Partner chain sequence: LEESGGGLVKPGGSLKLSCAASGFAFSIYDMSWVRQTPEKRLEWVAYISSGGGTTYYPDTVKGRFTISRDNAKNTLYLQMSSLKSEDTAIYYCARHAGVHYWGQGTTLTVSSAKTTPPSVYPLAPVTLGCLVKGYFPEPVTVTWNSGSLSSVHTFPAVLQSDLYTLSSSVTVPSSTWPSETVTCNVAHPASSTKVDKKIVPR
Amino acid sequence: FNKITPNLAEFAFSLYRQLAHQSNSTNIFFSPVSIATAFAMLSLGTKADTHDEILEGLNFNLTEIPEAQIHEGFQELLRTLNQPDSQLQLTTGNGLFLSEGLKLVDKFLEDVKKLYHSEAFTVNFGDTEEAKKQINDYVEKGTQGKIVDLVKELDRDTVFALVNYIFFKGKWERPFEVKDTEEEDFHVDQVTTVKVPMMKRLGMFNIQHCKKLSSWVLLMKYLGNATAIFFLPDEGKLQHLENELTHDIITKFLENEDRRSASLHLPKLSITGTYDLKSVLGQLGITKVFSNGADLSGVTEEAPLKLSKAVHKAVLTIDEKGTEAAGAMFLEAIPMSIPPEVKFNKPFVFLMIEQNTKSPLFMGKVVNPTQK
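For the sequence shown above, give one chain's structure in the form solved without its partner chain.
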């Protein structure tokens, strides 16, 4: 439900398939939305090919969609993700660190803080260790201690760095009971298991088995404007599941509101994803902004400039209840027939969607819960 939603979904997938390709034995978790928003904001300080590469690498076809529509699209998205009276409890931030002694262009600083409500700071890159400390302290402080020592090192000639972080710990509209959480096996291989805390509940879930995706598909809503979608592939269908996913298929799932009884087993976990955006977005065609040929004339008017560092960290916590604050009670009418046992006890894929815009807030893959 947003002009740029289709683009963000395409970006989420190209990014996902990129990461899934590098290796299939690691947990994947990232925010298509936080990354795309950061880079769209950055493009504002770039021009020509440098600029164009960035928007195209974010899956926007400049021959078909006007730039003004792109930014307004991100604007509406932001005005939604962070509103007063309503909170999905999303801790996110984007920090720009530019060399002191650089003559920055006002308009850029205005756009960053006013339009994309982001943060720009000036630091002394002459002192690498102190620069790193300030950057890391920024993240730590923004996540109240959940993300520490993010940046492990800086290039010798670093003059501009970008940090993008996001932490999500949502509250289910229909929570699990802690007393029902017990240790269960999780099949990493078809012949190997490992124990992990497993949440479980008998109720009416928006769950179904999809022939095309060869997977079970579960949708659960979070307090706020978000919805989690879990895809459990049949035996040997993970790769098929990954290839067959599409924005149209996901939109269809979100339209369905049918519920059926089931005994659901869902792992209680905490996973993280840390990526070097220069490397990852590089594989998506975004290379000039990170090179000596970078046209960042919208950032600094007279001196050479390029983005030498760009990091993204996404943290997800899934548990029985997002808070100790008991939620209002409700009663579901569960039939007396035998409910299917649907267990997320093997590699599965997931996506978190923002209900209004339908933007892909998060996307990931759990290969082994006890991996972190």
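Just so we're on the same page, rigid core means the largest C-alpha set that superposes within 1.5 Å between forms. Positions refer to the first chain, counted from 1. Compared with the form deposited with its partner chain bound:
In a core superposition between these two forms, the Cα of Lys113 is the only one among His187, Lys252, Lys221, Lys113 shifting by 2 Å or more.
Superposition of the core reveals a Cα shift of less than 2 Å for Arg79 between these two forms. With the core superposed, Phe230 shows a C-alpha displacement below 2 Å between these two forms. A movement of the C-alpha atom of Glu177 falling short of 2 angstroms is seen between these two forms when the two forms are aligned on their rigid core.
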Second form
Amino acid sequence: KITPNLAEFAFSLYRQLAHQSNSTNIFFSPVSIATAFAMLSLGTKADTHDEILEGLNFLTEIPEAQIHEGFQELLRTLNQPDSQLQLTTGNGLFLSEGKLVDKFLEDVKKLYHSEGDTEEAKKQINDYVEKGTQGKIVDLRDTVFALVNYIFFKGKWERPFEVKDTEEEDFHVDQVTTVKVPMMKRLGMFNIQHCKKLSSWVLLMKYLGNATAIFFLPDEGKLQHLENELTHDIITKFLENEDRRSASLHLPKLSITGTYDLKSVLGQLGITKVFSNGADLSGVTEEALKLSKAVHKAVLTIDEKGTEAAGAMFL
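May I ask for the structure of the form deposited with its partner chain bound now, the form solved without its partner chain having been displayed?
A lone chain is what you will see next.
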């Protein structure tokens, strides 16, 4: 219902994070960030309200109600997996007992299933972040109002690799640097194809359950061409499939972390009224409020058995 705008946001956010610097690894969670600012979208007043929905690529043809309820069916569908893969999302809101409007409370309790001393608050927040993510995000405090969200992912490959064919092969970093990483090896039938619009190989490996990973191997020099012409319409076309060829797959194992504070990037996406003095947060409190930072952290793990990822957001 809101997934086409959700992928466009994931790509708009991806471009600026990658355009900022292409010299390091990138890993973030679009759903966690989207829910964080969509949760705040219910407690914000005009001209900050609007910039928030527009910054999530939403106003034009959809009402504000149908947007918030898309996220309740979103988070309910994700928090209800047919458990072969482990997937859970959690929303937190750490108030400090002053003043609340209590209409913001009823809205976030319904739509998003949400649940001074610096040391006590810091330890309490990070335990809530480390509890749901199974200790993946452990070390992710300013003032009265804090909103936190977390996601946990743990799936297994439909056709797992064997841990004897994983040989250490070269990895081309920048046409001068070459590092050796443990690459997994497997032959057989794969859901692989060529775009002819992206100049890149597109490989889909489905996880056991309701999840699927897509891998884009760009041609020589076409890495930037891939990042610019990658849209929602093309991935849905790729997800309509079962044209499977056969090839030998060399997939490297992975373990990386994102750790982005992104107050600056969102301004480039239209959310400028985020930490502004003039920014209006009236649906939240009756005493008065503004944001100071927006930190996002996410970890990834790829092995022969499956994938284990977890992301968190702190506003």
